[PDB]
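In structure tokens, the next block holds one chain alone, the form solved without ligand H04.
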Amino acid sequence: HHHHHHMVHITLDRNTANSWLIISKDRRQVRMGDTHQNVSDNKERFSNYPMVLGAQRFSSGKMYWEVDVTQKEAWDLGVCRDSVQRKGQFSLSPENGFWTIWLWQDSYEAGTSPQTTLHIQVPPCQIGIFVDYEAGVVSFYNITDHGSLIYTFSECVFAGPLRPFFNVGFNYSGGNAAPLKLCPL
């Protein structure tokens, strides 16, 4: 792909984070802590899953960023509406305001409803995410495999400002402690 020149500097919004997440000083990395991180509750925090939003809001234009997923067993990545549900149980779907892909149990899927199997020959260590607001497109790229396309959501109905979306996943296995990291431009 040739989307690299739309690169944006994403930072994580601490106030939206699940109370077990640990966000680095530079707000560029996030991992699952082994306990509650001693923060007050608020209406923005994702309560049921290890999720956090980017601080940036996008309502027009073309945007690109990269995320490092090295040695993780489970994660979700993409964008979501600013007004997505924070509390209780929900599925990741465009109907609920999410445009995402994930790794889970050794398979990659896109968060359609129902979910779509992805075909990835080279397990990615970094993921590129491209948003074209006007066109209604969200695309995902395998940076480890020379930028090859993973998935395109088209005909998106964003219906609001978008925020970068992250889920570090649970660590029931002891094999999923590694962070998500926003990669430098």
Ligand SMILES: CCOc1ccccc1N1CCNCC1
Given for the second form:
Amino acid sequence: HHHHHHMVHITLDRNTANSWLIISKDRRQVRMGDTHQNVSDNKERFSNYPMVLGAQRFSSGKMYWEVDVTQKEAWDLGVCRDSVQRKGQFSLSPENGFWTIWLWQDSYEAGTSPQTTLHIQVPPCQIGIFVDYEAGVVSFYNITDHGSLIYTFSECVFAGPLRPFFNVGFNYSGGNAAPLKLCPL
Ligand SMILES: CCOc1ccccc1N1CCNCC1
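Beyond the form solved without ligand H04, can we have the form deposited with ligand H04 bound?
To see the whole picture, the full complex is given below, headed by that same chain.
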């Protein structure tokens, strides 16, 4: 791909974070803490999952960013509507306002309903996310494998402003403590 030139500087929005998340001072890294992080509750926080949004809102244009997933066992990445449900249980689907891929139990899947199997020969350590608002496209790239395509959602119905979306995953195993990191441009 030649999408790198639409690079945007993403930072994480503390106010949207699940109360167990720890966001770095520079707002570029997030990990699961071992306990509640001593913040007050608010209507923006994701309550059932270790999720957080980017601060940036997009309603037009082409945008690209990269995320480091090194040594993680489980995570979700992509974009979502600003108006997604924050409280209780829900599935990641375009019908619910999410355009995502994930790693879970040694397999990669796209968050369609039902989910779609991904075919990745080189497990990625960094993922590139490309959004073309006008075209209705969200694409995922394997930076570890020379930028090879992972998945494209097309004919997307964004239906409002979009925010970068992250899930660091639980750490029931003791093997998923590593952070998600936004990579430099
Ligand atoms: C591990 C302690 O639990 C959480 C920690 C952070 C977010 C959600 C949960 N729950 C929500 C209720 N179901 C169990 C996990």
